[PDB]
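Novice: Given the coordinates of chain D1, assemble chains DB and DC onto it according to the supplied hints.
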Amino acid sequence: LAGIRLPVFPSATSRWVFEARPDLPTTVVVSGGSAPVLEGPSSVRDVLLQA
Amino acid sequence: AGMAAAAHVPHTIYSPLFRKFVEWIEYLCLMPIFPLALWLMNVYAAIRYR
Amino acid sequence: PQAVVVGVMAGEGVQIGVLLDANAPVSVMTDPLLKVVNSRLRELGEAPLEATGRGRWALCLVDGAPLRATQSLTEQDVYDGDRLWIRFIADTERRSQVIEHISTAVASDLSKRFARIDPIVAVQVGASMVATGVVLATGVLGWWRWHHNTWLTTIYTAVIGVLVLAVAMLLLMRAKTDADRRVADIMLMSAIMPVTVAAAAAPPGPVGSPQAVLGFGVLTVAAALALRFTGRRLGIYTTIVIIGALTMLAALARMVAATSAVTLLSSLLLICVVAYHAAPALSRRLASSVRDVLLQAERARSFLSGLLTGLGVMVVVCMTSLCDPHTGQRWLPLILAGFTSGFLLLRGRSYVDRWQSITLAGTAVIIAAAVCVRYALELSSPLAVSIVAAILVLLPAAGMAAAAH
Numbered sequence: 303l304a305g306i307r308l309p310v311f312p313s314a315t316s317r318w319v320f321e322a323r324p325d326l327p328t329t330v331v332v333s334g335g336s337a338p339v340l341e342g343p344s345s346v347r348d349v350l351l352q353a
Numbered sequence: 454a455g456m457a458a459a460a461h462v463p464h465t466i467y468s469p470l471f472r473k474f475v476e477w478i479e480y481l482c483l484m485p486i487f488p489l490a491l492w493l494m495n496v497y498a499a500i501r502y503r
Numbered sequence: 018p019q020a021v022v023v024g025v026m027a028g029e030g031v032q033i034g035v036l037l038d039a040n041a042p043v044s045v046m047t048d049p050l051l052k053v054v055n056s057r058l059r060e061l062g063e064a065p066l067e068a069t070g071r072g073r074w075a076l077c078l079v080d081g082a083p084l085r086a087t088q089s090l091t092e093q094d095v096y097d098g099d100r101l102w103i104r105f106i107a108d109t110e111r112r113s114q115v116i117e118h119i120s121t122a123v124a125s126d127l128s129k130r131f132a133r134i135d136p137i138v139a140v141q142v143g144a145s146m147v148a149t150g151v152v153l154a155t156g157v158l159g160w161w162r163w164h165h166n167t168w169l170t171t172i173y174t175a176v177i178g179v180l181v182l183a184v185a186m187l188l189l190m191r192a193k194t195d196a197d198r199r200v201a202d203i204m205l206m207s208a209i210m211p212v213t214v215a216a217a218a219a220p221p222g223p224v225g226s227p228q229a230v231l232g233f234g235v236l237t238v239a240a241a242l243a244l245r246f247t248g249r250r251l252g253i254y255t256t257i258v259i260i261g262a263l264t265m266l267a268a269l270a271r272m273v274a275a276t277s278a279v280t281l282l283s284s285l286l287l288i289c290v291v292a293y294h295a296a297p298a299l300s301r302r303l304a344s345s346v347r348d349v350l351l352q353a354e355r356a357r358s359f360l361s362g363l364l365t366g367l368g369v370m371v372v373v374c375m376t377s378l379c380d381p382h383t384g385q386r387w388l389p390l391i392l393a394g395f396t397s398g399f400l401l402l403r404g405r406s407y408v409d410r411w412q413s414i415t416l417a418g419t420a421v422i423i424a425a426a427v428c429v430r431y432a433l434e435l436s437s438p439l440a441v442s443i444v445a446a447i448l449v450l451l452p453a454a455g456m457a458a459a460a461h
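Chains as they are written, first to last, in PDB author numbering: chain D1, 303 to 353; chain DB, 454 to 503; chain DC, 18 to 304, 344 to 461.
Isolated chain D1, as found in the complex:
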């Protein structure tokens, strides 16, 4: 019900790539704190809310 999902797959049918381009960090804003700031990868931000 909370939407936690557990990925299990055969590594996309390929070997690992340690040097892959990391995920782009997301920008956020606040009404009073109108100046935008970035907090981190979109994939990781969901976990803090799903829990």
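In case anyone wonders, no lab produced these hints; they're calculated from the structure.
Ideal Cβ positions, reconstructed from N, Cα and C, are used throughout, including at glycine.
Among the clues, some could well be false.
[What the hints assert, rightly or not] A few chain DB residues facing chain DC, derived, Cβ under 7 Å:
hint, residue
1, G455
2, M456
3, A459
4, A460
5, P463
[What the hints assert, rightly or not] Here are the in silico distance ranges between beta carbons for each label pair:
hint, chain 1, residue 1, chain 2, residue 2, range
6, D1, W318, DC, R355, 53 to 61 Å
7, DB, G455, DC, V346, 42 to 50 Å
8, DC, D135, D1, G342, 26 to 34 Å
9, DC, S113, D1, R323, 30 to 38 Å
Specialist: Leaving out everything else, chains DB and DC in the frame of chain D1:
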């Protein structure tokens, strides 16, 4: 029901225990065909009352 | 005759009028020709044409096909006032690829030339199956009303109409792309059929003229309403409105008072005969500055195509009903059908559109075949069928032979 399943399945993640179960439905569908067809053809009675 | 004037197209779109030597071979002119277009582009202040890697400069038709480098400009079918395009064509030379193991070889090759299934197409398949499913549902419910006067047909069909229309509304508002719109249109269009029979089935007693008035009426209204708020799929909705409208007129007259069906059929035939001449005018009135003209042109083109189809459907049903192998001067409607077909067969040449011209031409052919079939089923005897078979094969053979030979 098929139109909904066709649009919904491609974007969801399913557990391996379920993906392993749908595979076995095909086999459970084949196993009864020959025994049922010969019954509809009335072969068993023709042999028993030889 | 020593020279010809033609418009030559160059990079990104400049057209230049030039007077070319009519008999020198084209390969002798492409180099100095390129210099001149560059000189004019340079003075105009635009970016000149330039080469990129390996390739060659070529002179082609506006269709892109290059002219034979050794032939004279007069030797080719290029006349004064025509236009050409100067172009750079890249080199295609590269190494060949080989795969030895037939298993891996077949997989790799076969995966390139053909398209595999994807989630986008998967939805259009399901959407089409549900549309087929409900048109079958209304068929069995309609067949029941033909033997029973109870409310079941309207009660059950009404809820289907509501359910199908409800789902279509969400898809229409959520849609984002042409693929998304296709699925929505197919679903909405599928709602017209159940709603239509749902209304016509409501009036009690045996089915006939009184029910006919409700059915073709709601049908015409629904098709028009969908066309008004959607503004897409013009041709198909237009066809439903026309056949629905004329059928409602016939239904109402027969329901109120009519001396004979022949009178109504004769009235409809005459209405359709005059409508063919009005169709282009109707189509024309039914329809950054560049956008408005192209939109107007394609919208107009669409309306005439649909409008012609609606008329074609009505005449064949009426015409085949008017002719008869036993009633009076059996030959009179046969020749009248012939004269009616002759107009359509000849007039098809007046329109530039391929599908419009093809539908007009086909409309005449089908009537002749349908009339002979009617006269073969009834008044059945070896002479009747023998004559009809010979006619039907000779009919188109002579037409194609006269055009191709």
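Novice: Now, for every hint given, state plainly whether the structure supports it.
Specialist: Hints, verified against the model:
1. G455: holds (5 Å)
2. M456: holds (4 Å)
3. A459: Since the shortest Cβ distance to chain DC is 4 Å, the answer is holds.
4. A460: With a minimum Cβ separation of about 5 Å from chain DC (threshold 7 Å), the hint on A460 (chain DB) holds.
5. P463: OK, holds: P463 (chain DB) within 7 Å of chain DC, min 4 Å.
6. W318 (chain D1) to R355 (chain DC): 53 to 61 Å: holds (56 Å)
7. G455 (chain DB) to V346 (chain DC): 42 to 50 Å: With a Cβ separation near 44 Å, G455 (chain DB) and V346 (chain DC) satisfy 42 to 50 Å, so the hint holds.
8. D135 (chain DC) to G342 (chain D1): 26 to 34 Å: Holds, since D135 (chain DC) and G342 (chain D1) (Cβ atoms, about 33 Å apart) stay within the stated range.
9. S113 (chain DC) to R323 (chain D1): 30 to 38 Å: holds (35 Å)
Violated hints: none; the structure is consistent with every hint.
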